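Engineer: Each chain is listed here by its residues.
Number of protein chains: 6
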Amino acid sequence: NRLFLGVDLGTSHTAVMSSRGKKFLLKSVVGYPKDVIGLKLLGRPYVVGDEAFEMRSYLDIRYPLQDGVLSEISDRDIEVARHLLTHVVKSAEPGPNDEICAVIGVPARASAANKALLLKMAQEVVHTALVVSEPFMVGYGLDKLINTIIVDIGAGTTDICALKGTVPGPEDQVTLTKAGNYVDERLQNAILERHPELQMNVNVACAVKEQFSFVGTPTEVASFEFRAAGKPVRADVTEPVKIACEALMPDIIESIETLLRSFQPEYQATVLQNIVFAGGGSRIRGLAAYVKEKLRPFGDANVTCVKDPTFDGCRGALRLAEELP
Amino acid sequence: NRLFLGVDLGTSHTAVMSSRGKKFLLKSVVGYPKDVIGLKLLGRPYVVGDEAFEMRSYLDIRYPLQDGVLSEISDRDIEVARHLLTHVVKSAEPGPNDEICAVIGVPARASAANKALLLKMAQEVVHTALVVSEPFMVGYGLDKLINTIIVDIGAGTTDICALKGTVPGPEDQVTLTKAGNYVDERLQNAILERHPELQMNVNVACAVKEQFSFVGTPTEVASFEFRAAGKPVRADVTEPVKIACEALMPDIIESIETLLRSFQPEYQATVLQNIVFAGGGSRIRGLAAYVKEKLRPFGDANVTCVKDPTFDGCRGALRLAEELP
Amino acid sequence: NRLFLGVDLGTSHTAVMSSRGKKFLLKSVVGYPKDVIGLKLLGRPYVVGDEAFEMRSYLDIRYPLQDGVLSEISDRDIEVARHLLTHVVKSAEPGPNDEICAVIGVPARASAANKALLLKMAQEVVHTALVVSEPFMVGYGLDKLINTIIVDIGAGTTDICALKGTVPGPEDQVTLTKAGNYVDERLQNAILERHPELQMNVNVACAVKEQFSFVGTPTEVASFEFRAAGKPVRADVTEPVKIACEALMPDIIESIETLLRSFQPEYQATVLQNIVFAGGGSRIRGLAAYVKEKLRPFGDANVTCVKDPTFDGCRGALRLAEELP
Amino acid sequence: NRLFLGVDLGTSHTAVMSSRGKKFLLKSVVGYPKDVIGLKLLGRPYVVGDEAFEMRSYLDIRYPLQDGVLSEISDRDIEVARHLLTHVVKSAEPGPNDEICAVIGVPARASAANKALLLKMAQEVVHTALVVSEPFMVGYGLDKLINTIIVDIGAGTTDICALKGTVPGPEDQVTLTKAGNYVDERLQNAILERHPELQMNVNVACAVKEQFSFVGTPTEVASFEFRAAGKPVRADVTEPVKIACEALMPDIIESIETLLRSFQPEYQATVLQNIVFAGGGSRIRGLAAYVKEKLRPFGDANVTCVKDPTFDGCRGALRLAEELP
Amino acid sequence: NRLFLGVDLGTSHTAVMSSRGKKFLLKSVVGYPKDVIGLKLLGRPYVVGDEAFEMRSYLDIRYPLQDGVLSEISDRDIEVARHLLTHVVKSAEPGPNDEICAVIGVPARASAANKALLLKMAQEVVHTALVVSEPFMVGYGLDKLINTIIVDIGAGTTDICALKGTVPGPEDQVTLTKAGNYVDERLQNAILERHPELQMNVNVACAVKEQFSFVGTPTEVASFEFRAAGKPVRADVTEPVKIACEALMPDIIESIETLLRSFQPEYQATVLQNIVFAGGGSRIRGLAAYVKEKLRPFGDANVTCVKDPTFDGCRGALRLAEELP
Amino acid sequence: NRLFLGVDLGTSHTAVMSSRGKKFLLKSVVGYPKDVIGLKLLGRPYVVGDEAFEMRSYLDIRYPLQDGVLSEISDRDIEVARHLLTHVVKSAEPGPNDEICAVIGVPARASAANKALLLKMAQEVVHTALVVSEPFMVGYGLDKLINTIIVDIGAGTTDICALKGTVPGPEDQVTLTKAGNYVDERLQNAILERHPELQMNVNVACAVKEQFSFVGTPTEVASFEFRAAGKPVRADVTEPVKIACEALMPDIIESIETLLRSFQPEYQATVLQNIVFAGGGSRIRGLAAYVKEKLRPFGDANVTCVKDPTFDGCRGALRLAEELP
Ligand SMILES: Nc1ncnc2c1ncn2[C@@H]1O[C@H](COP(=O)(O)OP(=O)(O)O)[C@@H](O)[C@H]1O
Ligand SMILES: Nc1ncnc2c1ncn2[C@@H]1O[C@H](COP(=O)(O)OP(=O)(O)O)[C@@H](O)[C@H]1O
Ligand SMILES: Nc1ncnc2c1ncn2[C@@H]1O[C@H](COP(=O)(O)OP(=O)(O)O)[C@@H](O)[C@H]1O
Ligand SMILES: [Mg+2]
Ligand SMILES: [Mg+2]
Ligand SMILES: [Mg+2]
Ligand SMILES: [Mg+2]
Ligand SMILES: [Mg+2]
Ligand SMILES: [Mg+2]
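These protein sequences, in sequence, are chains A, B, C, E, F and D.
So the first sequence is numbered by the deposited numbering: it starts at 10 and just counts up by one.
So the second sequence is numbered by the deposited numbering: it starts at 10 and just counts up by one.
So the third sequence is numbered by the deposited numbering: it starts at 10 and just counts up by one.
So the fourth sequence is numbered by the deposited numbering: it starts at 10 and just counts up by one.
So the fifth sequence is numbered by the deposited numbering: it starts at 10 and just counts up by one.
So the sixth sequence is numbered by the deposited numbering: it starts at 10 and just counts up by one.
Wrong hints could be hidden among the right ones.
[Stated by the list, open to error] Computed footprint of chain B on chain A; a stretch qualifies when at least three of its residues, placed anywhere within it, have a C-beta under 8 Å from a C-beta of chain B: (1) 229-240; (2) 246-259; (3) 273-284; (4) 309-315.
[Said to hold, decoys possible] Simulated crosslink set (DSBU-like; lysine-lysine; CA at most 35 Å straight-line): (5) B:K32 - B:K129; (6) A:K49 - A:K301; (7) F:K251 - A:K301; (8) A:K129 - B:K49; (9) B:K43 - A:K32; (10) F:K49 - D:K124; (11) D:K43 - D:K31; (12) A:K316 - B:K129; (13) A:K124 - F:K251; (14) C:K129 - A:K240; (15) A:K129 - F:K301; (16) F:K129 - F:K99.
Honestly, the hints are just simulated from the structure, not real lab data.
For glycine and all other residues, C-beta sits at the position ideal for the given N, C-alpha and C.
All chains should be built: construct the whole structure from the sequences, respecting the hints.
Structural biologist: What follows is the structure, given as structure tokens:
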């Protein structure tokens, strides 16, 4: 028997669909206990996913992918990734006589090396595996494979991928490193710039951003409970957050504009009425409309942010390997 | 039972009439999907005609005839043509006990080799097939088979054909390569000369030309929405277009003059009052009158551009094989 | 066979648990008889523990640890500590074929020198021995190894130890010298300040404190029978005692505040709802609530004083070496 | 003083002879540098001839003649041609008091328009200029001006020209577009058909063809070093090349047959014993003999391929204007 | 009067040449004193360049460019960059009546945003400024502007730039983030993997790498004096270092291979005999030869590492704006 | 007008410098007469400084700081400290229109409470006052603010302070309680251990120590005139004294080692060549060299004991507030 997988193996969240109807999401992160006590507390030699990030306190949490690309700045990060992947496959619940055929998404324009490392690292766990551009397999998740831009803004990477009809490209892709994560790093700097007394780690501003990110007009008051020398402080982050999230957008815009001019002229109009935002960063409030406005120089853009950014990635992959060799 | 066909198998549009009252037109073009995704998008292994040119984005559209002559610069282009032809016959709707007798038009003075390739390639689909000059079978479509010039200006080829009474000639024919398509290539160069920022492919200027082509006096403002680095730009193409379409005409004129002087002197006066333009290029605005003027040195020309350039080709063929063995 | 020990080797009270179910407590103190008559009275060449402190009159009682750290301000104090330790092991009742594995607590941030001197001095008596922070092994005694402060207020030392998850720290520890004992010294001075006729030694005020210590609101009348020029005098020590015990607290508070601001901001809220007081000084009346109030500037603290301050120290140690190499 | 020129102004090579004993050949091509860097690299504002084609990399090389006819699909191509022509005259080395009388060859049956454009464009550089059929001025180059066919196969055009005695014709000429260049386009398609991994541009297959072209029997192994995804690959092109170059020949043959039947019957036997191949395409291996065989239905052809295809064109022109007004 | 500048504004080292014969190099880094004492120690409100990195101890050293791109993850980093740039211009020594025309290099395929931020930020200091690809302005520094690859491996970025003749590209560029810095991060992880007791910061391994980096065969013993718990330790880093620096190379190779296949086939051979390494990372021992070997599948590469990696960057820029508007 | 003060407010000796050139030293101690006769003898209601310690016989001498920290184990000790401080300011000789700006040193890592109590208690006497780490203000007294350890060994406290560049730390400080005084206590015990007939108070051994303290090799005979049952006895204290003063050192060493491993590895070598001993305990004979030897495991230490331990403390403070707001 055969089981196929959609694995959008994201730098922060790995989503997974299976032919047999698992949707599940998890954090792409593996906790190791830090010492012999951690090991005790944790009750197992490592954790993966959201439990790891709950116990983030007393585990060394290791993201196995940053810049989406599967990491090798340590010989350890290979073992991490093994765990992660082992765990996502295992949490697909399959066997004993189940032949796992998988689709993995990566960042578009992730090197052959890194596609090979995944591919290898999957071909350790699943027998047959397939590595495609996230943004494309998004697009393929919506039948938008034609005269379309996607802009997966994610965490690690904003990928932007003209679906210049069907061939999923490698000059029709683009990736920026300015993505979610960089917004937080920034945001944090934007808050620490103005309430210099604050403690923020990035995991804080991460959450400020998730909760109040927007662009353009501030539609409300962005008030958040930070700490300062340990003391609770409520503070206004409207302006940090504005700044932060409208620091993604320049690059995305310019890099749509760039893809747009790659399409045949007869179709550019039509492309613009197909610009998509998928992935986390596509949940920014007012994004849509901020883009529209940024693109008026190219025409009437109709920008849409997908329905459920959480799975469109895998949804696609899945459908994709519902359908071939 | 017997069914006969008029197939004006043109380089850009293949028109077809049948004895049983199909008129239909289609683009002479066959799309293949480019990759395994295309194949999916397209829903079939190839398309032919105007759907192919809609999906031009993500299909490799292959015209199977350029210079009208049926192409062999690939072993593939034979299969293309098969598809085209298969499809035009099939869209004539005939069977199961229907013996297809066909007339195909070609460019006048298309080589015996090429007439044989069609003929062969039709005798694969229809049982009995007949390949004549387009311009003649136009002329035969209007009872102008005597002391007449036609000038089929088409896409690929302008053919020009003295209907030196009845024998349809091979020194009374002429073909130029400068035809529609060459107007576009040119036009495009004429626009890209002056708004060097523009993108044009030829399929754009094609459309500029269809929409604003004229000769002589510019009767209006030729304003068109081009792209520049992706940005919409409205621009004035009156002068490009003038230039472009009055780059057909020299050769046509000289080649009428040339046919004219082939006729017996007693009749040349009379010929001139019979010059015809058939085919697409005959839709140029002001053509008629521009020719008249070009021909004053030979006399009072009365130049006419046929009633419905779309079918006169096949109309003829049809009538033609309504009437013999 | 193997026997493991929890030895909370405190500066005033050494508690001990064994795997085989001894709990016992004793005073960390060894009496030597003062002279040849003492030796006679005492019936043995030294005592250890509460009998020593009964006979405190006519023995030279030598605490072998002050500031918890095991003392070397005499070459004698090494022999003392031997006796003490010899006696606590021996009162664990083990042999003849018993291999003693021990955990000893010290003050958190006791020097490597002093951990070595214990360690040595235990590795004289037990074969394998382990020296950890008291406060941690408390915390480990309550599964509170995460986002927790403990404050062991003891006699010698108040130790305060963030259980910044599991690694038991050395910037996440703190020790103050102001602890029990310093309260008494003080208290005494606070009583001798106002009833200057009184005799107090510290061993008196030690007992006033044990009996009436509180902080904040005086919940009752602190009347105690002191002497003056030998003459019994009952006197009111409510205000001495208030003063005395609320002279611990500043430092503790400031040093919790300090540890609190060491945790990641995302968790400080959570820490505060985990502040513990263990050890003797944690028996102060109203401590809990006085702390809560001192910490309102950091949030809603939920401060708890452990269930049985007497053993939580060793309890832990025990459990701790119930569980590894 | 007077200086006369043979200029065979070919679509790929322009040869030139002068009365004063220049033979030189050059590529009919003018490089312009592409940008402000090119301009720097090139050291001059344009190049012409073989240096242009060396620097083909970083120049926009523009052939100023395709289909031999002097191009006007750009207003630029007029300036190109100026450069070319300016340069071929200038490289004839003449002045200051030298009156240049020139013979240019064109494709036989190049329109009056195009003969006028050259003629004009020469009468800009030389004072008196003469435009004749290449094939004829070849024939005139060999005293074969009688009962002769030539077949200039060139690059752009195969011209074929009955030398129906002396009047050089315009129903005794013929030109096909299928010539050299079309062999390459084809060849390339024939190689890319079978080693679909290969890169070929036409400039490659051009070179495969020059190096291995033949017809009929493959006299050797046609092995050539192509690239595939950049990787060197040696591959066998014997069958591509067969296919390609025997795709010229049908049209040539049919068009000789056609000229042949134009001659008076008494002479056709004799004509056949005079069929010539001039020009590049006449260098195909085995051509001679392949034709012979193709023409057995007409008799014993004696087909010859001229001695030095490089100059016979101009050689003629030259001689030609060594001899009149 | 006019003064022009070559500013290779690198992420670690900014080199600068002026028309008037300054070469100088500095570290691209600005030290701010950390507190009111730092300010005192430092004697000025900020430092820039190598003094900043000497005083790295007690300054907050802020690189104003990482990933070469000029940073905006802080509103501060703009002021940094101002200082840096102010300082590099000022250390060009020019005025009072000197009009500074500059060339700045960036990473090839740095966004328009970032070219604008520099450009702006230069047009604050110099009046006219120009921002080009480092690798190109290298290539232009060696007349290698044709059928050439460069691979600037630097610190931040390895840029790899086909000099596909002269137009300096934006599909003919490539940048990787795996560059010097990433080697150190890695290396450090590679050493800390094996001598887990070691302290390394990256600034250590940075120096291990500078001193012992190689690839392929270890030509010697890589012994280095690290610290462990403060204690000097000499250790062997041959294998870490191997690992580390041969973790650049995959991406570079693949991305040459990729550029190579972008060139016209006729030239790829020739390209390969032009592959350059410029910039710091080009100082790796045995690089050359390791590449050669990696590229044997594409042919005989002749890889060269430039003469003086320190200035080729600016050298170029300089020459470049020695020569135009 | 403004007058600034260096007050190194030490637990045994308070040194003071003023801007106007007072150096003076005094004992940090206030004598009160014990009774109505003392009051008569003393001639004033209290003394402060060395007269108090002369009359130590018949005054109750109260150090107002032990452990350096300003004492509160009595409500009296606040009045003491007032007197002391009143007297050190007053002996700075300033008024009537003099605004006293002061720097007071404390033990590094003295609690905020205690810094506040001084601060308060100075802001009673001087208008503006500043409380910093002694060891830092030493270091600042020698420009050694960088990659330096100091070890102030004093009386109360040995402070040890990495001058981890400029920010004066609170994890880069350390204080031990084992300092001078603890040496004496010990020494005394070391002499009473061996000449059990002796009387020593600590004030005796204090003086033995001052006079004969050394470490390592005994460079001479330590003979001193003690009493026994009142009877003068000369006795050899070489071995007591060895023992005593080499009981400081372990902790200091371990706590340098500890700070050393806190510095960045690149600098630890360099730190070691900057280890300082300031303060009284730094007068121990052979200290320097004994440390060197203790630290060989970290490298070649170059340990220096400051020039004039008496004032380096205040010297600094002074300079310090010669230089700011
Ligand atoms: N509601 C939100 N608003 C803004 N950013 C968000 C939101 N939810 C998630 N993100 C950001 O988008 C990223 C998560 O999107 P995701 O599709 O998982 O990224 P990836 O799949 O590349 O890991 C993170 O950087 C996160 O902070
Ligand atoms: N001798 C060397 N061996 C290996 N890498 C080196 C060497 N010298 C410098 N580097 C590395 O190359 C980089 C410096 O090169 P550079 O041209 O200045 O980079 P950039 O200009 O992008 O700042 C750093 O990452 C450094 O560690
Ligand atoms: N010559 C000496 N040798 C050893 N210790 C000394 C000497 N002089 C003073 N001391 C000790 O050092 C301390 C005095 O140093 P000091 O800087 O005044 O300490 P503090 O300033 O902390 O009161 C006293 O403990 C004293 O016994
Ligand atoms: Mg994603
Ligand atoms: Mg037609
Ligand atoms: Mg205790
Ligand atoms: Mg020719
Ligand atoms: Mg560089
Ligand atoms: Mg001191």
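Engineer: None of the hints should be skipped; say for each whether it holds.
Structural biologist: So, going through the hints one by one against the coordinates:
Coverage of a stretch by a chain is defined here by at least three residues with a beta carbon nearer than 8 Å to that chain's beta carbons; for the segment 229-240 of chain A and chain B the count is 0, and the condition is violated. With a threshold of 8 Å between beta carbons, the proposed coverage of the segment 246-259 of chain A by chain B is violated, since 0 of its residues qualify and at least three are required. Interface restraint, the segment 273-284 of chain A with chain B: holds (6 residues with C-beta to C-beta distance below 8 Å; minimum three). A stretch counts as covered by a chain when three or more of its residues have a beta carbon under 8 Å from one of that chain; for the segment 309-315 of chain A and chain B the count is 0, and the coverage is violated.
For the suggested pair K32 of chain B and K129 of chain B, the alpha carbons sit about 24 Å apart, so the restraint of at most 35 Å is met. With a C-alpha separation of about 53 Å, the suggested pair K49 of chain A and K301 of chain A falls outside the 35 Å cut-off, and the hint is violated. Proposed proximity of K251 of chain F and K301 of chain A is contradicted: the alpha carbons are some 50 Å apart, above 35 Å. For the proposed pair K129 of chain A and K49 of chain B, the alpha carbon gap of about 28 Å is at most 35 Å, so the pair holds.
Simply put, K43 of chain B and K32 of chain A have alpha-carbon atoms about 32 Å apart, close enough for the 35 Å limit, and the pair holds. In summary, the hint linking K49 of chain F to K124 of chain D is supported, as the alpha carbons are separated by about 24 Å, within the 35 Å threshold. Between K43 of chain D and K31 of chain D the alpha-carbon distance is near 32 Å, which keeps this suggested pair within the 35 Å criterion. Restraint check: the Cα-Cα separation between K316 of chain A and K129 of chain B comes to about 55 Å, which exceeds 35 Å; the hinted pair is violated.
The suggested pairing of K124 of chain A with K251 of chain F holds, with an alpha-carbon distance near 23 Å, which does not exceed 35 Å. Restraint check for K129 of chain C and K240 of chain A: not satisfied, since their Cα atoms lie roughly 44 Å apart, outside the 35 Å limit. About 27 Å separates the Cα atoms of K129 of chain A and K301 of chain F, which keeps this hinted pair within 35 Å; it holds. Between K129 of chain F and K99 of chain F, the direct Cα distance comes to roughly 17 Å. Compliance with the 35 Å bound is thereby established for this hinted pair.
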